[PDB]
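Student: Chain residues, written in single-letter form:
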Amino acid sequence: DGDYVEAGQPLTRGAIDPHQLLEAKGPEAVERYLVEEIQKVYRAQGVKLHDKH
Amino acid sequence: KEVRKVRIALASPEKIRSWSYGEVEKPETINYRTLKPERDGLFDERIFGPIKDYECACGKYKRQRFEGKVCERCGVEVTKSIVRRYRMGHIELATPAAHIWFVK
Amino acid sequence: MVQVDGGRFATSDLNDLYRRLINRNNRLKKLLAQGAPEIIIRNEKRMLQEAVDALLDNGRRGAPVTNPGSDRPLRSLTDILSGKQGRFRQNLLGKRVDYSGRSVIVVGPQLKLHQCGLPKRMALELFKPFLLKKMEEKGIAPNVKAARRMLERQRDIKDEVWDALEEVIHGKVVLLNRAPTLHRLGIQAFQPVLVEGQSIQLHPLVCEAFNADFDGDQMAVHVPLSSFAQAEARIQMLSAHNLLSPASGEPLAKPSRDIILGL
Amino acid sequence: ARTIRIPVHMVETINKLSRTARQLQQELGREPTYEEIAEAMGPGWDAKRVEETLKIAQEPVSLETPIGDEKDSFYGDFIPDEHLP
Amino acid sequence: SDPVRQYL
Amino acid sequence: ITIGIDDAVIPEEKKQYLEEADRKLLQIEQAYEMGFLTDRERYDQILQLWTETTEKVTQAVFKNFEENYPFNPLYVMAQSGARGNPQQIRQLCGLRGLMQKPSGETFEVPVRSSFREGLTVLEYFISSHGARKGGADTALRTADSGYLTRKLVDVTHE
Amino acid sequence: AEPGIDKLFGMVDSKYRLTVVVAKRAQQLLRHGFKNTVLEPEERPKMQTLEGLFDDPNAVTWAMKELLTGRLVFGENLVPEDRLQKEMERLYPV
Amino acid sequence: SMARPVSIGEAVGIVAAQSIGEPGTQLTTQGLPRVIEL
Amino acid sequence: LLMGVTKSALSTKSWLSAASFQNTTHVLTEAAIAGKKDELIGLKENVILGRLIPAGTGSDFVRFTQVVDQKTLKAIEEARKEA
Amino acid sequence: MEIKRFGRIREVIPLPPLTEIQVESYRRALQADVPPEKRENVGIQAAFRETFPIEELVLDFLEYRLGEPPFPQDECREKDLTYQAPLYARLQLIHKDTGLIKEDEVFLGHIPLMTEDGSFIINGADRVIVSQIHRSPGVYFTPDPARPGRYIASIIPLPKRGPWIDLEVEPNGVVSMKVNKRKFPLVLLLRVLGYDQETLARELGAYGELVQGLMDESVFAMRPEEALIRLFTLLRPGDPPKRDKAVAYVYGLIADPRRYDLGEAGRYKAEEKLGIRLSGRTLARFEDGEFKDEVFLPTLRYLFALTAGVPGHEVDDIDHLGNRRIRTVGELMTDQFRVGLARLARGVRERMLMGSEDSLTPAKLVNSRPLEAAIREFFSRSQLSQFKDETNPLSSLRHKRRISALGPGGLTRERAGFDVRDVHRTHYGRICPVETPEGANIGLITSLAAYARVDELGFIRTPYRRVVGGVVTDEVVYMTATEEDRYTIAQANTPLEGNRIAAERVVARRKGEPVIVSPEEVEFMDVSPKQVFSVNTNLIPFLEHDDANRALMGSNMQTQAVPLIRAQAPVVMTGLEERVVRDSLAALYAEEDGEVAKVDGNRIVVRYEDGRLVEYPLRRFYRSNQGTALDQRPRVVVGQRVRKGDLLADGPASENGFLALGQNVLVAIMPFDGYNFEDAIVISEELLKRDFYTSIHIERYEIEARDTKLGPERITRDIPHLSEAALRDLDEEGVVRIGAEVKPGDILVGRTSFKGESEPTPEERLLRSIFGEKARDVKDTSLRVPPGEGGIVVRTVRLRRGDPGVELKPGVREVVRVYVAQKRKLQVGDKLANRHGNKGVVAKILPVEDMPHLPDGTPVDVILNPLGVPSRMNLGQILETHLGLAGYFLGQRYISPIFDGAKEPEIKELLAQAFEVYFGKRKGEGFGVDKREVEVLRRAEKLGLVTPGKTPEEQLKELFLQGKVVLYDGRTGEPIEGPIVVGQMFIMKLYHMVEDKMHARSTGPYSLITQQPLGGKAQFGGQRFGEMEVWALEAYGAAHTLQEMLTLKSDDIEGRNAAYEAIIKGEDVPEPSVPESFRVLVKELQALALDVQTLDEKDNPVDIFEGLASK
RNA sequence: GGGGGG
DNA sequence: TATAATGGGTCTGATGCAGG
DNA sequence: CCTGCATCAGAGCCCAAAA
Ligand SMILES: [Mg+2]
Ligand SMILES: [Zn+2]
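Chains as they are written, first to last, in the deposited numbering: chain A, 1315 to 1367; chain B, 3 to 106; chain C, 527 to 789; chain D, 255 to 339; chain E, 78 to 85; chain F, 947 to 1104; chain G, 2 to 95; chain H, 1210 to 1237, 1253 to 1262; chain I, 1420 to 1502; chain J, 1 to 56, 64 to 1118.
Treat the hints with caution; some may be incorrect.
Claimed, not checked - Listed below are the simulated DSBU-like cross-link pairs for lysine-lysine, each with C-alpha atoms no more than 35 Å apart in a straight line:
| id | chain 1 | residue 1 | chain 2 | residue 2 |
| --- | --- | --- | --- | --- |
| 1 | J | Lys830 | J | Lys781 |
| 2 | A | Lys1366 | I | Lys1426 |
| 3 | C | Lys671 | G | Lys8 |
| 4 | B | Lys17 | B | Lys3 |
| 5 | G | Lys8 | G | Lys47 |
| 6 | B | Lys7 | I | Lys1426 |
| 7 | G | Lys25 | B | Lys7 |
| 8 | C | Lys659 | G | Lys87 |
| 9 | B | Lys38 | J | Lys1118 |
| 10 | I | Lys1432 | I | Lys1456 |
| 11 | C | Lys780 | A | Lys1362 |
| 12 | B | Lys106 | C | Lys610 |
| 13 | B | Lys3 | I | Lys1455 |
| 14 | F | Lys1002 | F | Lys961 |
| 15 | A | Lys1366 | A | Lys1354 |
| 16 | J | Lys1118 | I | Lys1455 |
| 17 | J | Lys371 | D | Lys309 |
| 18 | J | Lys1004 | C | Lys664 |
| 19 | J | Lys910 | J | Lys4 |
| 20 | G | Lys36 | I | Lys1500 |
| 21 | B | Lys64 | J | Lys1090 |
| 22 | J | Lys786 | C | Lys646 |
| 23 | B | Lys17 | B | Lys54 |
| 24 | J | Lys371 | B | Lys38 |
Calculated directly from the structure, the hints in this document are not laboratory data.
Let's have the full structure, built from the sequences with the hints guiding it.
Tutor: Have a look at this one:
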C-alpha cells in the first residue's frame, strides 16, 4: 500500500496481456516483455538460444 | 524478357472468352468405341489442341511442315500436344452465376 | 482421362463437376426456348448456381457433391489449391526430386568428419548420367546409348565399371538429410566414400545435429548437379564447415557417448 | 449418368445382361460364367460377346480415390505419365 | 437451406 | 566399461532413509485420526516427506559411488555426461519414487523398489499410468511444435 | 574440411561471395578445357586412378586452389561481361 | 555458427525460425503452450 | 499495432506468401479484387516460381561478382587503352 | 538339455483359448452348426427377426441356412477367391388383402467364413477383423463443466442405432433436452407421453427447487395429441405437421425397435442404473393408441435427486471399463449385415407397390445386390478389416487380440483427447498397460490381457480366486470392472501355506487404490501376474526389471521377428512360449494316441488306436502376407510312439514346440571401437558361417495379358530385338524355368503388346530401313526383375481364358504369377532386437579373429554397447545375460516367470555351479591362472570387484558371480583392462532389412498433372524434398542447389531434359526454366476466373507459355 | 485425420 | 404416346453477427 | 456499448501405405 507504480506496471500476479501493455507502455516495453517471457520457457528446459532470433 | 512481378486480378467475362479456344457444348468426354475425344465435349482436340505432336485428328496433316495449319476435315491445329495443358475452354451460361468466393 | 495398366480409365473429379454444370446449362437453354413456367425455370436456375458452386468450392455452401454410392466429396478447384495436400504446399513449396535416394544408416567411425559411406550400387544410379559420359571416354562402351544398355542387366556389369564411377565422383559432394529437418543441419554435405553393402555410413559427430541414432534411422541422399550447386555444398554446407550451432553459437559437432567415455 | 456416354439402346442391353445374370445367379446359388449368361440371352450371344459387352460397360474410377489409409495418398499419384518423353 | 425442401 | 547387475549399488543408507520415512509417516496418520490434520493436509505432508526421502537416497547413491566406487560404470557414464542422469541412476539403485495417478494428482504410496530389485506387479501397474500420459503428451506436442515452427518460418522468411 | 577454407573466408567480405567466385571460376575452367588456369604444372590438382595419376577433373577443386594463389582477381564491374567472354574465347579455345 | 560477423546475404529469419522451433519438441503455461501464447 | 505471427504472416504484402500459408481463398479473393502485384521480395514467392532466391549466393550483393585472372585481365586492358 | 523352472505361484486356471475373442464371436453370429429352430435371437438371426415382416402383401422371414463352401481354403488363397458360404433364406409371401400364400427359398449371395485360427480369406488374401472399443450404450450422468454444482444426463444408444440425447438443466431452472443438435424444453415431450401435472409432482416433487422449475403452463394447455404435433413443428421446419406424419417421425426416433436400438448391454445398464425393467431396447412404445414412457421419466428421476446430495446417486466414469465395451467380429459384421438387410427391404417395398399386385413370388421380389454389397464392403474396405500380420506366428496371434478405439463408431483425429488414451485403473487384468503404439496412436490401439475374456454383453472380464475367511478356494470367478470394484482384492504374490494366507498383512486393491489390509478383510485374490499383461508382454523374462517405455518396444518388436531357418527358443523363457505355438495353429499335434506310420518332407501319416490312418500333410515354403516363409518341419520319426496332444511338426519360428523368434547368441557388453555407437551393433562373422539369422523370403510377381483395341497381348518366348543370352532361362512359352537364378533386369515372363499410332515414327522407319529389318508389329513389354530384387524361381502359376476352371476379369486373356525365393544372410544394415527393447542396426561384421574371446578360446557372437542401458533403464536384459552365462556352461535353459522369477541369489547359486566348469576343466587339463588374468584381477581389485588377498581362482569366481569374465582382445592378445559382462542373450532379426529399403533414382516416372517425380520404391520414385527441406537449403543460402531441386531435378521439363543431355555430353547443366507445376497453378487460377499475370520490370506481361495459349 | 519405421 | 396415378429419406482460437 | 454466439479454418516431417 502507498506505492508508486509506473504506467504499465503489473498489479496482479499473472501473465500480462501484451496488448494492454502496448497501449500503456509503448512498443519497446512490449518487445522487452515478449523476448524475456519466451526465453523464460526455453531456459527452464535447458535450451540455450540467442535472444536475437 | 525476365519475370519481375506477379499480378492477380478479377477476370471479366470478356477476358474469360479471350482465353477460350472454344465453348464446351456437350457433357461427353470420349467415345466409348474409338476412345477418341467426342467432338464439342470436354476433351475435344478442336478446342484444346492435338493429342499427338504435330498431327491432326483425322490424319490429313501428320508432321511439322504445317506447324500452325488447321485441318479442314477434322478442324484440329497442328502444334505440340503439350498445349492440352495450356489452352482454356469456356461455358456460356444462359443466366449469370455468382462466384462463390465473393459470396461466401 | 487416362487409361491405366488394365485398360481401365481413370479420371479427375473435375470432369464430373463440369458434366453436372454442362447438363444443367443445356437443360436451362432448352427449358427457356420451350417457355417453361417460372417455377420450373427457378428450380433450374438455382440448380445451376449450386453446380457452379460445387465446381469452384465444393462443400463450401450446402451439401458436398459426391460421386454416386460413395461418401467422398468430389475434389473441386478450391481443394486443389489449398490445404496440406493442395497445390501450394505439395507441388510448389516442396517437390519430389531426381538424383535422390535413401537407405538405412550405419555408424562409420573410420570416416573423416567430411565423409560418408555411400553404397556403390546407390552411387551408380545417382550418378548414372555422369557414369555414362565417363564410360565413353575410357571406352568401356562405344557410345553413351550402349553404356546405358550395360547397366540395365545386373550380371552385365563388369568390374571396370566400378573404377569408372570412382573417377566420376572425385571431389564432388552429396547431401545427407534425416527427417524431421528441424534446423539447417538436417542437411549436411559429405564427400562420399563408395562402399560395398546396402547401408549409408554416417560420421559419429554429426549424429547430434541430425538427431540420428542407429536404432534403424534412414537418410536421404541428393546429388547437387551444377558447378554452382556443388560449390554451394562444399563451401557452405560441408559438415566440417558447420561446427557451431547457429542458435546458441555453441559447438554442435562435439564429443558424445563413447568418445566422452573413453577420454 | 455416365462419364463415358453410352448410346441409349446399348445401355438397355447392358441392363438386360445385368438383369439376366441376377436371375441366373438366384437359381444357381453362385455367379454364372460368361457362357451361362450367353445361353440365357438367346441367339446371337456367345461368351465372347458377354465379356466384350462388360468391358464396354466399365465406368472409370476417380484419380482422387484414396489408396486405402484415406489420410495421405491418391490413386493418381501411382500413375506414370506415358505421353511426354 | 435445403434445395429439395424448398422446391417441394 | 560394462554393466552387470551388481553395478547398480543399493546404498546401505537406503534402509535407514526408508526407516526414517515410515516412522515419520505414522506420525502424520495419527494426526488425521486424532483430528489434528485435514484430509488435504494429510496427503500434502506425505508427498513432501517422500520427495525429500527421494532426494536423500539420490545423494546417498552418488556419495556411496564417489567415495567407495568412483569408477563404477553407471557413475562414470553419468558424471562424464556420456549417458544417464541422476534421476535415471536413482531409479536403478535407489527407489523409483512417487508415481502419478491417471489424472494429475500423485499417489501417496511410492514405488519402493529399484529396477535392480525389481518391481511388484502392482508397483509396475501404478507406474504405467504416468508412462502413458507422457507418451500422449509428447505425441500431441510434436504437432503443436511443428505447426508453431511453420508459422515462424512464414512470418520471418523474407 | 576444405583445404585452407579459413583463408578463403578471409578473402571475401561475405562467405556467399566466395562461393560465387569459386562457382563462376569453375565454370570458366570447364568451358575452356582448363587452358586458362593460373596454376603451374606441379600445382595442378591430381587424381589417382588404377592406371595412375591424372589431372583432377573437379573444376571446383581447381578453382579454390587457384584462388589461394592470389593470381585470381574478384570484384564487381571489372569488365563488360560479354567483352570478357570474347577475349577469353580468343586466348583459350573451346 | 561461424563465431564472426554475419555475412551479407545470410537468410537470418529462416535461421531464427529454425532455431526457435527445433527445441519445441523437448519442452514440458509452464511449457510449449506458453511459448505459443506469446 | 501488435499482431501474433499467424495474423502477421497473413498480412504481408506478398499475396503468394500469404496464399501458400493459410486462409488461401480469403487471401486470394482480397488480392484479386485489389489487383495486387507481388514484387517477389521474399523467399516463398521465389521458391514458388522456381527462381533464384534473394539469399546466399542469390543475394544481389554477391550475385554479379566477376572473376578474372591477371593474365586474361591484362590481355584485355591494352587493346582498349587506345584509339 | 535340462530346463530348470523357477517360481512359487501355483496358477489355477490356464490361459483361455487365445483366439476365442475371434472364433467364439463369429461362431456365435452365424450359428451354422445350430439347427434353425434352436437358434437364439442374436447375430444373423436377430438381424432377420428385425428387418422382417415387410408391410405394405406381407413378406415374412421363415429361416435361413448356410451351405458348404464352393472351394476349400487353400483353393481360395490360390485362386484369389473369398472363403465363404452360400446363404439361403426361406420366405413366405402373405397377401394382406386376399389369403394367397407363396413360399420359396431365395439365394442371398455368399457370407465369408472364419478359418480355424480366427482369420479370414478375402480375395485370396488372409485378413483379420480387429475388435473395437467404444462407449457402452446406457444412461450416463456427467458433471456439467459450466455449473460447478449441476449435472448433465446423457442417453446414448448403440452406434447408428439412434441419436445422442442430452438433458442439461439450463440456468433459467427448467430441464432442457438436446437431441440432434436441437434444444427445447423437456416438459413438452413429457406431455406427449400422456403425463399430467400430478404425476410429475407426485413422482418427484420432493425437490421443490427443481420439480416446480420443469413445470410450464402453456405446454399443459393441451392433450397428448396436440403436444405431439407441437413438438414436431419445433423439430422439422417445413414439414406439415400431419398427425400420421408427425407420429411416424417421433416413433422412428424414439419408440421404433428398428431405427433406435439400445444395446442388450444398454438395456441391462439402464435397468441396473435406474432400478427399473425395460420391456425392450427402445426409449418408448406406441401402445393402446398413445405413447407410453419407459426411459425418460426414470432418467429425469435419477438426475434431479443427484442434483441435491441424495444417497445412492453418483456420477459415471465414462472411461471405466464397466462403461466401455468391445464390439467383436460377430457384432461388427452383424451391423453391416443389418444395414444390407434394411436396404434390401427398401427394394421389397418398392417392388411390392409396382408390377401387378398379385403376380409376384418371393424369389422375384428380392434383389440380393444390396446385401452382397454391404458384406463385401465390410470385408474389403472397412477400417477394422486388415491385411493379416503373419510375419511370424505371434504376429497373427497378437493381431487378432488387438483392440482399436478408431474406426466407424470411434475416435477420429482431432476427436480423441487424453482421457481415452490414459491407462485407467480398471485396465488392470483386462487391457494390457504395456502393449500400445508409440506416437499418435498411443492408447487408442491396445491388446487384450492374457487371462481376459469378453462376455456376451461385450465387457472384458478378468479371473480372480475366492478367499473365504483366510482360506483361498480354487473356484475362479470372471469379473467385469463394475463388479470388481465392490471387493478387496489381494495380490497374486501373497504368501501361502497350503491353501491358507500365510501373511498377517497383505497387499491388496480396493477400486484400484493400493491398500494394506489384514487377511480377515480379503475377499478375492489375483490368479497370476500373467493376467495383468498382454501375450507379447508376457514373453519378456525379468520384466519386473524393465522400464515400461522400453518394455513396450520389447513387446511390439516380437511381432516383427522374422522366422529363421535355425530358429531357437530363448534360453530364458517365461513359460508362455509353448502355449503361443499351440494356440497359434502353426505347428501340428496328435489327435488321439497312436503310432507314427510315415514321416516325409511333404507329409506325416499317423496310425491311431482307432485303426484309422490319418494323413497330415505339411505346409512347406508358403509365402505369407509379409513374404516371410511359413514352413512346417517334421519332428518325429517312423514308428515313434505318440500320445494325445504330442508334437508332430514344428511351425515357422518354433523349435520343438516352443516359440522361436530369434537365436541365442554369446554376447559381450562393452564398447567396441565406435562400431557400437548409439545403439549400433557389432557381430561376429561366425554367425553367417553357421547360418544364424538367416531367413527365407519369397516375393510374388504377377502379369496379365489382355485384349486391346490394338490386338491381343501375348505371353511368348519371341521378344523383338533381344539376344538369346537374355532369354536363355525362359521355357517354350516365354516363362522363366523353375529353379533358375534371376537377377535385376532379367526377364521373368516375356510379353508383347501392339504399338499405338506411334507406329514407328518416320525417324525410326528410316533407321530400320537401313539394317534391312522391317519394324515389328509388337513391342517388348516383358515382365522384368525390379532393381535390387531377385532370387531363385521356385514356382509358376498360369491361368488362361479357355482353360478348365478359370475366368478372369473382363478383357484379360491370361495371368502369370512367378514366385521368387531368397536365402537372406544377416548383413550390415539389418536390424536386431532383444525382448527388453534394445534394438539396433548391424554396423560392422568382424572376422572371428577380431572378436573378444574367453581365455579358453571361445569368441563372443554379439558386442552390445553398455551406453544403451542406463538411460533406457531396461535391466531385464542384464539379468537375462547373467542367467544366460550359467546356462552356457551348465547346458541349461530356464523358465523365469514374470514377477515370480529367478531372483539374484538363485542366479548366483547357478553361476557358481557354472564357474566350476569354466575353470575346473582348465585346472585339470594342466593349466594354471593366466598372466593377463592377474593383470585384470589387479585392476579389478582397484575397482572393489574382488576381495583383496585371495587366490586368483577365488577372485575370478567373485567376478564370475557378478557375471563378469576376463576377455582377450583378438586384435592384440592383451586383455580388456577390466572384467566384462558376457553371457547368452536372445536376439531376434526384425523384418526391417537394408535389402528391402535401399533405393536410388537418377530419372524415372513422373506424375500426370504436376510432372514431378512419382513416390516410393515400387514406382522407382524420387525422394520428397519438402517444405522443411527447402527451409534447410534457404538457411544455408544455397540458392543454386535449391533452384535445382525446384526445377531441373523436378518439374522443369525443358531443364530436366536439357540437363540430362548436358551430363551425358560432358557439359555443365543449363540455367533452369519455369517449373511446370507453376503453369498448372496459373491455369488452375484462371479456371477460378482469376487473371494471374507475370510481369517484367516495365510492368508489361511476360508470356510463360511461349505463345502456346494465346490466339 | 491416420495398423508399420525413424 | 391414353384406367389412374399429384409434397423426399472433434478441439481450438479469431471474427463478424443480432440482442439484453 | 457490450457481450454472448455462431461459423470457419487451423491443427509436424519423411518413408513403407499391402489398394
Ligand atoms: Mg532413432
Ligand atoms: Zn484432320
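Student: Compare the structure with each hint and give your call.
Tutor: Against the structure, the hints:
A threshold of 35 Å between alpha carbons decides the hint, and for J:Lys830 with J:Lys781 the separation of about 45 Å lies outside it, so the pair is violated. The suggested pairing of A:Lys1366 with I:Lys1426 holds, with an alpha-carbon distance near 22 Å, which does not exceed 35 Å. Our distance criterion of 35 Å between C-alpha atoms is broken by C:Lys671 and G:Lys8, whose separation comes to about 44 Å. For a cut-off of 35 Å, the pair hint linking B:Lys17 to B:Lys3 stands: about 24 Å separates their Cα positions.
Of the supplied pair hints, the one linking G:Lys8 and G:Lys47 holds, its CA atoms being roughly 22 Å apart against a limit of 35 Å. Simply put, B:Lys7 and I:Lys1426 have alpha-carbon atoms about 24 Å apart, close enough for the 35 Å limit, and the pair holds. At most 35 Å may separate the alpha-carbon atoms for a hinted pair to count; G:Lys25 and B:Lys7 meet this at roughly 27 Å. The straight-line distance between the Cα atoms of C:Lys659 and G:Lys87 is roughly 28 Å, inside the 35 Å bound, and the hint therefore holds.
This hinted pair checks out: B:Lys38 and J:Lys1118 have alpha carbons roughly 25 Å apart, not beyond 35 Å. Between I:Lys1432 and I:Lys1456, the direct Cα distance comes to roughly 9 Å. Compliance with the 35 Å bound is thereby established for this hinted pair. For the given pair, C:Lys780 sits about 16 Å from A:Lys1362 by alpha-carbon distance, which is consistent with the 35 Å threshold. A C-alpha spacing of about 22 Å is found between B:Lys106 and C:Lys610, which places the hinted pair at or below 35 Å, so the restraint holds.
With a CA separation close to 21 Å, the supplied pair B:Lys3 and I:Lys1455 stays within the 35 Å bound. The hinted pair formed by F:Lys1002 and F:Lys961 meets the criterion: a straight-line CA distance of about 12 Å does not exceed 35 Å. Distance hint between A:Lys1366 and A:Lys1354 is fulfilled; the C-alpha atoms sit about 15 Å from each other, no more than 35 Å. Restraint check for J:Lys1118 and I:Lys1455: the C-alpha separation of about 26 Å stays at or below 35 Å, so the hint holds.
In summary, the hint linking J:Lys371 to D:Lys309 is supported, as the alpha carbons are separated by about 28 Å, within the 35 Å threshold. Among the hinted pairs, J:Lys1004 with C:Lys664 is consistent with the structure: their alpha-carbon atoms are about 33 Å apart, no more than 35 Å. Using a Cα cut-off of 35 Å, the hinted pair J:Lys910 and J:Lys4 holds, with the two alpha carbons roughly 13 Å apart. Of the supplied pair hints, the one linking G:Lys36 and I:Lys1500 holds, its CA atoms being roughly 26 Å apart against a limit of 35 Å.
Distance hint between B:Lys64 and J:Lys1090 is fulfilled; the C-alpha atoms sit about 28 Å from each other, no more than 35 Å. Under the criterion of a C-alpha separation no larger than 35 Å, the hint pairing J:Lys786 with C:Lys646 is consistent with the structure, at around 33 Å. For the suggested pair B:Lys17 and B:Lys54, the alpha carbons sit about 29 Å apart, so the restraint of at most 35 Å is met. Note on J:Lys371 and B:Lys38: the hinted pairing is violated, with a Cα-Cα distance of about 41 Å set against a maximum of 35 Å.
In this structure, the hints that do not hold are numbers 1, 3 and 24, in rising order.
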